[PDB]
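*Asks:* Single-letter residue listing:
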Amino acid sequence: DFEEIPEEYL
Amino acid sequence: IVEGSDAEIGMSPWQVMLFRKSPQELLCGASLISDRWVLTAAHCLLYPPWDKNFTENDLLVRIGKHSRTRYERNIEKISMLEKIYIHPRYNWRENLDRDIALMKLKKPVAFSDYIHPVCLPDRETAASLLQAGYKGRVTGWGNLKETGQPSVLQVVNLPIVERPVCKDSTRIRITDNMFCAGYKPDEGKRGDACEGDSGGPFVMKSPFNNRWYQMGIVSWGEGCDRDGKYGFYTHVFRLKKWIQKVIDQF
Amino acid sequence: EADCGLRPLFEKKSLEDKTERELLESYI
Ligand SMILES: *[C@@H]1O[C@H](CO)[C@@H](O)[C@H](O)[C@H]1NC(C)=O
Ligand SMILES: NC(=O)c1ccc(O)cc1
Ligand code: NA
Ligand code: NA
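Heads up: the protein sequence lines correspond to chains A, B and C, in order.
Everything in the first sequence is counted per the UniProt record's numbering, starting at 62 for the first residue and increasing by one.
Take the second sequence: its letters are residues 364 to 510, 518 to 620, numbered as in the UniProt record's numbering.
Everything in the third sequence is counted per the UniProt record's numbering, starting at 333 for the first residue and increasing by one.
Just so you know, these hints were derived from the structure itself, not from any lab.
The beta carbon of each residue, even a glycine, is placed where N, CA and C say it ideally should be.
Incorrect hints may appear among the rest.
Calculated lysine-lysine pairs in the DSS-like style (CA-CA distance at most 27 Å, straight line) [claimed, not checked]:
| id | chain 1 | residue 1 | chain 2 | residue 2 |
| --- | --- | --- | --- | --- |
| 1 | C | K344 | B | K470 |
| 2 | C | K345 | B | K440 |
| 3 | B | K470 | B | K508 |
| 4 | B | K554 | C | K344 |
| 5 | B | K537 | C | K350 |
| 6 | B | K559 | C | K350 |
| 7 | B | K440 | C | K344 |
Only part of the chain C face toward chain B is listed, based on derived beta-carbon distances under 8 Å [claimed, not checked]:
| id | residue |
| --- | --- |
| 8 | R339 |
| 9 | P340 |
| 10 | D349 |
| 11 | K350 |
| 12 | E352 |
| 13 | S358 |
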């Protein structure tokens with residue numbers, strides 16, 4: 062449902 | 364938000380989305396009160412009846428957003444949490460009394476056209492504006508109906531309700547750390563927060579200095595937008611001494 | 333905090349949002 066956020070924030 | 368409308372761009376630049384890292388999902392609303400501090404409802408982070416007890420590493424805050432689900436490249440900013448502070452007398456066992464929490468960010472967020480802090484009320488602004496009939500504004504990405519989900523941030527203006535009417539609408543014990551808002555059945559108009567909006571702000575624009583103040587935190591309701599029910603909000607001013615103690619010490 | 337509550341795209345530019353007048357009219 063949500064667009065993937067940049068990996069840096071994970 | 365039930366029976367609200369789409370926000371304008373930059374209309375609520377203190378809006379914060381509490382976002383679960385895994386699974387990636389909306390957890391709650393929140394608000395920006397400085398470049399390093401975010402305010403939310405304690406029950407968004409800690410609610411043992413539902414086995415909810417989030418740690419800092421479980422969560423992100425997304426600031427400057429408009430779209431609910433999109434990654435708003437070059438606009439939103441995503442911050443990690445350094446520390447969560449729950450009110451020490453938050454009552455999750457009974458009625459969500461003192462439903463308030465602070466989150467300190469690992470690094471300060473840069474303000475922009477889309478990212479800007481809200482004011483917290485002083486005693487005089489609270490006394491002047493927290494009156495039955497005076498309207499505040501609630502914003503969030505929560506559900507559009509009790510029983518679906520918005521493309522963009524939703525906004526609804528709602529009147530504060532007389533305390534005896536709040537109390538007489540529910541079997542829950544209401545405390546001085548809560549207030550309620552919403553239209554009465556005979557008033558025609560409608561509107562409420564709903565699931566996903568908890569932790570977000572109830573704001574009022576002071577007519578004295580033309581600044582926005584956060585008077586409430588979306589706390590709880592019985593259903594959403596039900597006739598004869600009201601939304602309940604944490605009374606920010608009543609808990610401001612705790613807020614200041616946390617910010618001053620940490 | 334000095335600038336809290338003043339929105340860049342509204343108060344800072346002297347533009348009003350579409351419903352803030354509803355709030356003001358309730359502050360009787
Ligand atoms: C929530 O989790 C933290 C970390 O495990 C723990 O210290 C705390 O006691 C928990 N709170 C409740 C009410 O279970
Ligand atoms: N479900 C919720 O979190 C909720 C909170 C406040 C309301 O006024 C309505 C619903
Ligand atoms: Na009652
Ligand atoms: Na209602």
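*Asks:* Please go over all the hints and tell whether each is borne out by the structure.
*Replies:* Going down the list of hints, with the structure as the test:
no.	hint	verdict
1	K344(C) <-> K470(B)	holds (26 Å)
2	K345(C) <-> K440(B)	holds (23 Å)
3	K470(B) <-> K508(B)	violated (36 Å)
4	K554(B) <-> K344(C)	violated (35 Å)
5	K537(B) <-> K350(C)	violated (33 Å)
6	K559(B) <-> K350(C)	holds (17 Å)
7	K440(B) <-> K344(C)	holds (21 Å)
8	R339	holds (6 Å)
9	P340	holds (4 Å)
10	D349	holds (5 Å)
11	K350	holds (6 Å)
12	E352	holds (6 Å)
13	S358	holds (4 Å)
Comparing the model with each earlier hint shows violations of hints 3, 4, 5; every other hint is respected.
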